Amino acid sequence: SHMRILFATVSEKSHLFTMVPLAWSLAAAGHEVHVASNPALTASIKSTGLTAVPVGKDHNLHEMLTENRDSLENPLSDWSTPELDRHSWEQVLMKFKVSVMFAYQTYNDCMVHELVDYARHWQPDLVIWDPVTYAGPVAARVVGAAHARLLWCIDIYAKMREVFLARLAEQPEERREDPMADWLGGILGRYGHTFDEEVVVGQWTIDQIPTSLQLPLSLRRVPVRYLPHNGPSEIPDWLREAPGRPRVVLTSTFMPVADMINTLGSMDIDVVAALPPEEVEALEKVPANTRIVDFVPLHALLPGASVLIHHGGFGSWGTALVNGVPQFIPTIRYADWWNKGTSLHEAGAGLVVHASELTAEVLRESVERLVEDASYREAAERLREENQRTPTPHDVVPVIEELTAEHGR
């Protein structure tokens, strides 16, 4: 039965790319699929093959973050351990207040009313939303569409929400406050709708994280296999050529990238570094064992590679995971990046370290360990197999159809 399906995401390429295979799975089953975001994302959407719907105006989140970068990683932005034991009421309340004020409102308020308008015009049966794109479920609820989160994340968001609600329930009436309900309930109120907790976590969650690495939660979870999409890609000629050393791939206060390259340059390895324009020229000499590129088809590159070094973004994490490649993640407690590192660390499939502790010695030693100690490849291979047993986007299409019939108009 033919659906109109609206994908909604904040204007981050990295988030968009995680949604592309599911969007195309639904289009391939005959549904109409439109992808809505701020104008800044329009060009990115259009290169996915999917139809873009520009909504609202662009926001200044990136300028706010870079200009206030020294306040960025602090206890209130750390959602890496969402546990009752670690959160008093006022700690978890304060986390919701600051994340709503600084991140969620900046990302979403710039487009929410235009998204509601588009949903009113187009009448989607289903809205699939990136997990910080709260504009999405608002628009869905206004028109009675079914809606679900599509997760690139270890689900610290829904878990922190569970902690929040447990603490809220302990408070006297006078002390009860919910920044999410105030914000989203406020918007819903203007359109004559009530708040419901399902606008915070979706009616169900479509989850690309393997079950063994995901936080257990009380919500309807539909696992789906992660299929790599890292944006526009082509196969270069040099990809075929075998290097004859363990291949180490690097993708992107803390250890300069120039120094990372030089350390890796001295090692008995082959290095491919996918680095942006200006970082290319911030370096002087390219070591003999090292290739530097702007873009690389990571899924085509990573088969047989020994190590991927990255900051814990899902494209890298997921693509290394499906290729069984051990990961080294020097990162910070931002988004779920730390959880991405620690999940692999605890499973024995990779290594995480705080970015501030990264030195030439730690870099060298960590890489050596991931190359030489076979237990890393073996643990990575187990995770690969877990992903490979998860139903594909293709396979979950009927599940999504049934859930839409159950929950929608």
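Numbering follows the first chain given and starts at 1. Between two forms, the rigid core is defined as the largest C-alpha subset superposing within 1.5 Å. First, how it differs from the form deposited in another entry.
- Here the two forms are overlaid on the core, and between the two forms the C-alpha of 64 is the only one among 347, 29, 353, 64 to shift by 2 Å or more.
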The other form holds:
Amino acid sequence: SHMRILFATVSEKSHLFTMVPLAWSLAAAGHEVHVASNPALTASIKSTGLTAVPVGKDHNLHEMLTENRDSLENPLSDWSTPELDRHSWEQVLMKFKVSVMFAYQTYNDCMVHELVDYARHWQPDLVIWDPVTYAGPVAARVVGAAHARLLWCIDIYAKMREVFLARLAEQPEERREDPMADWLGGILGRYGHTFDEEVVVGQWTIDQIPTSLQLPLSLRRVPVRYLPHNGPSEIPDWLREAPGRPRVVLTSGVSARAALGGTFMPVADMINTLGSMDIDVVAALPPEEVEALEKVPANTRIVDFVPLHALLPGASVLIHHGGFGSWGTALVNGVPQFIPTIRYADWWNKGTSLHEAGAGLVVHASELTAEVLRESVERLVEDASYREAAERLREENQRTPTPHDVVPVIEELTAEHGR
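I would like to compare: after the form deposited in one PDB entry, may I see the structure of the form deposited in another entry?
Coming up is the bare chain, nothing alongside it.
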């Protein structure tokens, strides 16, 4: 029966879009769904069809990374390998110290008290939070609401948390320390609530990553099928013409651009390299990257934006940085992926999971050259094992319960864990 459901996300369009199909599935079952983020995300929430709740104030954070011109990858923010074998106690502690200090706090502290305040007014039965939107579980706990993470990610966050807690138990009492406990327990303490480990990983985890590609973890885990949502979308007229040869799709973005930096292969050189091959190229590039081009190859169409969910059917290859929208839309379409990227968020893991399943190829961005690009693209087109592997991953996605199918499960888990 009838629920108030508060979705919470950091002010990233790309994260928001991963949450939209689940939000709509719950709304279509008659529940009230509101989505809360900083004011900067208000317009993006509004164009998803869902009701926006602006909370708190904006952070400086995406005004920072775009006047950066410089890579985000950093040994301390590389969580691509969350194993005990690569993390002494002091290395894991440090990784939490920097990530809490220089990411989670900037993302959440601007809006956490205003979110708690909104939850107090609205009394959601359930909070569903993006995996780094730790303001979400804090707000839920303060009102006794159930809460769950909704994953766009290979779950490096929970796995590194497993590595952390294992090394925490090995230390003597007088040098136990937990940056997540201090920070979030601090905020919860202000409201007369205690910290608990379900505030870091949720009461359960709704997971859009195919099981065969996800890290094994001690979680209550609800698999859900990834349904492409690529933001505001129209079908262009030129999409009717089947290509006559393999279509190769390339996506840069203002977020991809801001993370990879300007030291790696220029996107002009990538277009020139693809422009020499017997392929149909569609490249989606931000406007500043569009004028860095001298000449547009005869085989190439440049666009601002084109919805991948409509373009990728019968595409042969997608080249991207390992963002989820791109990764997922290719996956459900059975398209081999080439992912030249960095150890930021789970992007490396997005690449390496496909590389190891034989469905795509990953390469570090600093090793990308005209010849590596040319040969990777040719292999993914020519060698049928890539398409065949990708097709099997597609089939795994299509066997996963839809958002529609997991609504009852979310309803019961809420009765169980709610107040």
